[PDB]
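Trainee: These are the residues of each chain, in order.
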Amino acid sequence: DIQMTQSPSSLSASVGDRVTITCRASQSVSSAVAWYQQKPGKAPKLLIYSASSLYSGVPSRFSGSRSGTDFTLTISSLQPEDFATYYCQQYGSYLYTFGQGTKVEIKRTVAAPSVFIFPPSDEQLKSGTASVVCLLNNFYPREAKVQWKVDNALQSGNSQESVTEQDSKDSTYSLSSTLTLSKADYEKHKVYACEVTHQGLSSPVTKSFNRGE
Amino acid sequence: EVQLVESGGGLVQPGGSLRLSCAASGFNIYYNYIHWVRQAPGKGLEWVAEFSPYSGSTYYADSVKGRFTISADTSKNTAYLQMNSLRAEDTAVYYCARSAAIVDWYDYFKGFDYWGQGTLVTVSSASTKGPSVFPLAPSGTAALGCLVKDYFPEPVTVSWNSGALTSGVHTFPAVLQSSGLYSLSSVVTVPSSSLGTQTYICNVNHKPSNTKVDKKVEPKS
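These protein sequence lines map, in sequence, to chains A and D. Going by PDB author numbering, the letters in the first sequence line up with residues 1 to 213, in that order. Going by PDB author numbering, the letters in the second sequence line up with residues 215 to 353, 360 to 441, in that order.
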């Protein structure tokens, strides 16, 4: 709703690639631009400071350059340990501001997802709510669309998605869509379907079931 | 070795207050600049405040001005961040960072050199509720899992078979339902032949509420 910071943008690259992240800084005189690297669950780490200076302990593949107003961070040879999120920082008018965030992602061939749809457990129907989940296991790219169909009617607003972090070796992703319904609305319909579309799927894959086998 | 340790975070109600402390080691925070940077779940970093005890100057981000006050105590080498009138959008992992003293007037800012591990602050009117774990029925290799639902606050650690089953597990990031409670799923991919002999029980761990749940998964009739 009220987002305080945009989500990190994505960049698909392979190991050994040369990447260059540009940071548009209208405060060029404030050439104190600093670059940071952050991995999931860890605190950010300083890489480039003062536009071009290399921080003590950072590998030599990292470099920073300034061309007028544009500040860039260049990784000469992308390594498996370099796939993370990168932030640009600008100091202006006594205010420090971080960039949007660039998540460098491992690039691989397209992989179609494996779809599984799980009816709710009878202990939950006794509680008064029904939760049908749909599993999208091991796919690439992470862009996937999940459409819930109740009695061949397209749903919207009664589900929530959750995508895992990229696998280190498979470079794959996993999605879990949870359709939450009430005990009364669940018992009023029979067929509940989970339609999945992906780049690796020439046609949408539907995994469905009937209430009560 | 310089170390920054955050503390004080946790559960707070909207409109309530919280005071974080950034205990520092390995250096004197007096001549240096202490900063607070927060990161919403799945979002980017946001600088919120900067303090310099030598000059006493306090600078805040416009999103926290008037509600957040930064300060320090040189007697214990610890900085503080008092948050008043907290809103739900203030829910984030709060890091405290150090900026070196201005030794060169040309390279006046040399980046946030060292950071802390961060402390989580959750602003919500929900109460600490224990997780309600439900089994995901498993219909060449089959997929099964557990659905933990209606727990608050984050996080929840989920293991399988007392930490013995790790190959193929997928503990998804939690989602915030409209009821203010969190709900995540943890699935796994185990051969269908070992579904009858080998028992599969997920160990659901919620430390905020001290609720251990071990739910077994079996195919329905």
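Derived by calculation from the structure, the hints in this document are not laboratory data. Virtual Cβ for every residue (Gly too), placed ideally from N, Cα, C. Among the hints, a few may not be true.
[Unchecked claim] Going by beta-carbon spacing under 10 Å, a handful of chain D positions derived as facing chain A: (1) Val251; (2) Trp261; (3) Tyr274; (4) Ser277; (5) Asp287; (6) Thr292; (7) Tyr294; (8) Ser299; (9) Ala315; (10) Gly400.
Trainee: Look at each hint and say if it fits the structure.
Mentor: Here is what the structure says about each hint:
1. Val251: Holds - the Cβ of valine 251/D comes within 10 Å of chain A, reaching about 8 Å at its closest.
2. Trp261: Where the cut-off is 10 Å and the nearest Cβ of chain A is about 4 Å from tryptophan 261/D, the hint holds.
3. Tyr274: holds, 9 Å
4. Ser277: The hint holds - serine 277/D has a Cβ within 10 Å of chain A, the shortest such distance being about 6 Å.
5. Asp287: violated, 23 Å
6. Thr292: violated, 18 Å
7. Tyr294: violated, 19 Å
8. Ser299: Cβ of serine 299/D sits 15 Å from chain A, so the hint is violated.
9. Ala315: For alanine 315/D, the interface hint is violated, since the closest Cβ of chain A sits about 14 Å away, which is over 10 Å.
10. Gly400: violated, 13 Å
Violated hints, in rising order: 5, 6, 7, 8, 9, 10; the structure is consistent with all others.
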